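Undergrad: Residues per chain are reported as follows:
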Amino acid sequence: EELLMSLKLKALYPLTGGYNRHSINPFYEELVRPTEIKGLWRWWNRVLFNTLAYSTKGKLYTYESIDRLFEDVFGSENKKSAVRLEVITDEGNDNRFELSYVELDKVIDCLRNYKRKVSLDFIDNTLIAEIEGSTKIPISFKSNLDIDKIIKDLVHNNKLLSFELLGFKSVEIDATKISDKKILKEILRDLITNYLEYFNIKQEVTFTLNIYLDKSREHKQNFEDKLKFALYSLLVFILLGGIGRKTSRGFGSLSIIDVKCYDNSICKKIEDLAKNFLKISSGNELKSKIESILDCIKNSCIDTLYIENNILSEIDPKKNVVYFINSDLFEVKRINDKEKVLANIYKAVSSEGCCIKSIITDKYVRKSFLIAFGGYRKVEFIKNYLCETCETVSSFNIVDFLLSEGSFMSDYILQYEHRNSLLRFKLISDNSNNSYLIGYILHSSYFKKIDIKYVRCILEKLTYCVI
Amino acid sequence: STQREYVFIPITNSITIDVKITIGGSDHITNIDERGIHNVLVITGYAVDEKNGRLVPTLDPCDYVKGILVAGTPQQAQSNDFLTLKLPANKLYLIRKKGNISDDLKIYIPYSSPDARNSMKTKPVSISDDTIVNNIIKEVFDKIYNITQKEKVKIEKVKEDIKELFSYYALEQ
Amino acid sequence: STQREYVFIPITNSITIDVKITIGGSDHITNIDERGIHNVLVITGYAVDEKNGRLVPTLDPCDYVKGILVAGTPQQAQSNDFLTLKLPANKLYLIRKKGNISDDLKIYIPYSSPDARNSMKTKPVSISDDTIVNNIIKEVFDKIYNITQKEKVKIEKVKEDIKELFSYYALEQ
Amino acid sequence: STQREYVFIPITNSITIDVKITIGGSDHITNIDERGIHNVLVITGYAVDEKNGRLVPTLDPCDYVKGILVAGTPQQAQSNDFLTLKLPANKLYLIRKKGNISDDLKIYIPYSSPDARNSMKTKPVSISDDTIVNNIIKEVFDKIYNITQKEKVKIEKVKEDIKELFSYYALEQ
Amino acid sequence: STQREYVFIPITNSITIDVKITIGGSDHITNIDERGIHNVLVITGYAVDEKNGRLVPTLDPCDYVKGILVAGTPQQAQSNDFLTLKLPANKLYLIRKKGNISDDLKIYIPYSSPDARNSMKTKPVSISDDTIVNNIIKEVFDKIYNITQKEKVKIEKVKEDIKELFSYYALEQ
Amino acid sequence: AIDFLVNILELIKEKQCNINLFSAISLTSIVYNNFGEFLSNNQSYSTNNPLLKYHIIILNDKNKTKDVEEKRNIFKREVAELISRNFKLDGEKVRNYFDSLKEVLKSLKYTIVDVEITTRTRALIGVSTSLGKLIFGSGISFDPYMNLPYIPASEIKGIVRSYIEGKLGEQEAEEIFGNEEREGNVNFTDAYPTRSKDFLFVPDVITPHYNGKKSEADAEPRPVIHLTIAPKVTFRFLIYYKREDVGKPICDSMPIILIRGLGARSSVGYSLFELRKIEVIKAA
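Chains as they are written, first to last, in the authors' numbering: chain J, 2 to 381, 390 to 476; chain t, 2 to 174; chain W, 2 to 174; chain w, 2 to 174; chain p, 2 to 174; chain I, 2 to 285.
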């Protein structure tokens, strides 16, 4: 085993998490999880492979088949991975979260024999334990967590961060039977810690991702072109996605800083496409480079040399959903400052978001556009815009939808809580104090067939309005 | 410049004659909108001097009382014993906010001085005794709210949830 | 049709006079109701030539300027420097749309010519330094909508969201 | 350095002749590599009519028109009815960029009257009717390249890439 | 670039006159940062001396020397009989890795004669005899690092962990 | 007796590091797997058992079942945190064990190599072994009589041999580690932790979304709380042998094989170690 490559990267406002959905816990701090990098690499590899296999053959393969194919580099239950990931960072020493003291002996007395809610809130750098039963108390505390006002108002202004905070700030407490004080101290300190750790949100997180290669898995039949496709998908991932949660909304976005390689015979073109991003002049140049690298997979002097194997399996479009890149819905815009961008992305994906009530300007139509794209919505007509066989005014026709009759795609689009957002957003930079939002829309294998540049009009109206 | 007026809501029988703002000017910050009761004010840290119902300043961050908010100065022959103050009109610790604020108002508080005569013992006594929930229909909102009993059929809710909505701390001297 | 035209909003000292008819009746499309500017008509593929204030056509959709709608006429001694066009009522590009419009458009934009000798470069210019924006209200947001402070109290929301939403690019010459 | 010209690729006839110097220094921005058409440029916001169709400024960001580039002056019976401008060459939305640039190229893009008489119309349009291809690929490329029809053994590829790589919006009025 | 000085940690007085620029720059590699020593370099196949004490090449992979890694030169009187070398900053065996080294390095380890006269009979020896620890503490960590007895008071932990962290194989011949 | 059970978390937190962690977790698992029953007015009515805290809190009212399930998820996380903070490492018994064992081996005329290694990343040794398996699903290789996690000598020998036959062929290995016709010439002891920084165990999670899935229409995260070995924990083991030959291949093998994994999930950088110290005591 020896080093394959090493990618000095950088994450922008990442929201990681382990065993407690925060990036910090009483025992260690973990900003970048190599497990998440591996998983997102594999997911982007499947997306990219379906992109290629649908361009060149108009066919789509199940995820199980694709990673069964890539077993010889990514590994499975039958074979150990050949790529060993790493994540190194500054301050990789002891950096846990300690809550030295918290003065809450009073709110306890306010919670005697009362069935009452206890909400938390930062109120002008002072946190308040707002008891819903008409009470507020300025709790005091000390912690090695130095939360700056920048982070506090980043969470307050971003209407999506303030939404995923509804589950780290509030505890219902029933002391009506009886309640000791030493037990409410424990409950409230748990609440305080779950709230405080939510604000460990760093920025400019910079980490060196190493890749080691199992030499013993040398070229058996197609190891080399598989591994090369895998490195290309690693590039695609680093360029379109991010680590952590809410990467479909800009957070955790990644940015190349330096890519030193150590085996050119595997990595030459990869390092080249990487170093092309070390400095980007302006918007459309970056757009051109994104397109050049998206289609270097499809139409350059090498595209594939292994799809001619029958390990794969075609999707059953009545059963399966698969994502893939369209390589034409990739509007880019420069932003000049990143926090307000993230604060505004909520306007671009909210039903009553003032940046969408301007682009579509219709009820029951924004709703359909946001139920089809934009991840799982909570639906309370509209499906008339979501049929398979019915009036196509705005083409949001799902493959196997049928009126007043549920099928697999029907439940999946309306009631399936874990459904990524096709409309995604990326914030990149190139070490020269310039940054370009990248908006795009992955193509799902449940869209019958969409009107591409109509949705592209929508997308560019978004990326121009969302700034 | 513009004013408001906090009207107590204890269980006592002392609502009809303490003020002279039966209409306000033309509005009501606290208003019912057939969903329930909305936008009532909580003043914590101040216990109730029950007789001549007014709030005594306490240091306890845990002593709270509930009431409505309107605009005025009471009785036209008062404000020699109150606490009137002007504020950003957002330091209001309101609940059930189903309205709006003029971004700036002044508030008179019905205030009773401490009168340090002994150790104090405030007592949480949630409002009850539905004879009181009916005389706070008679004496309170049949007069303060010329909209009460004349617009909604939903008086039963604005009489039954009152048990939950309001409370106070009686010191009981 | 209802004839109109377009004005920009930079930090620039060039916003003196570019219109004769300001009302043309009692209708505008960029109406205001306690939410700041509505129906901001956005154009892209252009920049501003703020010194000699005019919109210079470059050919990159990264560049753009966002101004408002004025229903009238720019000195009628134009077309030596402007662009006129009628639209089918949704070839526009709004910000915080209010509703449907009157099927007809006529907008004149302050335009400039290339003078292509210098390698002109576009740069982002954000509305900042709310002192100059106080002057902006004093010069380009008092007389055009004088109904403000006579129908709207929210003369603060306007400067806040001008600070936030109105941004543009320039030529740096 | 030298100056380029931008030539639209529409369906119908506005294409009599638009070149005088089609040699440049050594070769043009657009090129062929027996793989496709590189350095294709697309213009947004400006549409093109089929009757004397030069790029006319519309108001929609979603309105776009494509076309390629060659270095030289158009037929020198002209140069009062286009857009002549030097852009820093990082300001053009190219398609399939092959290589480098040369620091503020100059462009010739044709211009047409805004047509302030009638409302703008627009319907998307791409190429079809293969003789359209077999005409445009020789009325220009042969007029452009000295190596076309010299190494041309990929003509089927380099036309079925035009099949999709070009599109625009015709007014059709 | 950043040329490094590997000053191994022996028990004799060979760390007095060996360097010219012991200052380096803003970054060393071996650290003392409120946790103990960091990024200590371990080498194998080499055994120090103690009379003109430097590394002599040997091929027993059980021989090994540890030391510090700081930016410097070999006194400019040597590097004619030393080991200068350039490593890609991942083929260096750093015990107690804190961060990452800077993608390439220039190391000067003292490389004495192979001693073809005698025979190699390497003998393992560690660091003890607390005064032999403290004197080289005053000689190395006080000089190279502005940290010690200026940034730290608790370097007694360093005293008690150098006597075990560092060791080597030597000859005493 | 059930009273040993409903009072076992108190025991973990008060008897910390002096309780039998194997039996402790085994008995805790009974509470964990009968949570809904141990909460129905069977908290032993004490005040320092974590079990009535799950009677103060309300997480749902439209479902007692969901109430119990969310409380149980919280309780699993809290058990992980309890074990990790309370069960610390006291490595004096291990230092004595290894010193005495090394003296025994010096008597038997072996040549001992005492190796000290340090965890750099949260390690996972024995992830399929039973410890916390009945709560977490994962486990740690735990010696219930030293009351510690340990690295088996078989695992270390297998990894060293895999490397040696990697870079010296499949024959010099069998020359050193023997085969079905010769005994090996190198002996390995288990490795035990002798000194940590703050913690010995540490909670962690793993949340497969797509592993073993067909499409996006069946994707779902399933988060797996478990325990790992904290960073900066120092293990030590011995290596003894009678011939002087095998001293050479093991020495140079030690620093190299450690920087790459020594446990589970090395592929995503978990069981990465660090040669802290090596030392060779020759006998005769």
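Rather than coming from a laboratory, the hints here were simulated on the basis of the structure.
Cβ atoms here follow ideal geometry from the backbone N, Cα and C, with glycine treated the same way.
Hints may contain errors.
Simulated restraints on C-beta separations [to be verified]: (1) I:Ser163 - J:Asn337: 37 to 45 Å; (2) w:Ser2 - J:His220: 41 to 49 Å; (3) t:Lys151 - W:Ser129: 48 to 56 Å; (4) J:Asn337 - p:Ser103: 47 to 55 Å; (5) I:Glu280 - J:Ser144: 40 to 48 Å.
Undergrad: Check the structure against each numbered hint from earlier and tell me which ones fail, lowest number first.
TA: The structure conflicts with hints 1, 4, although it agrees with all the remaining ones.
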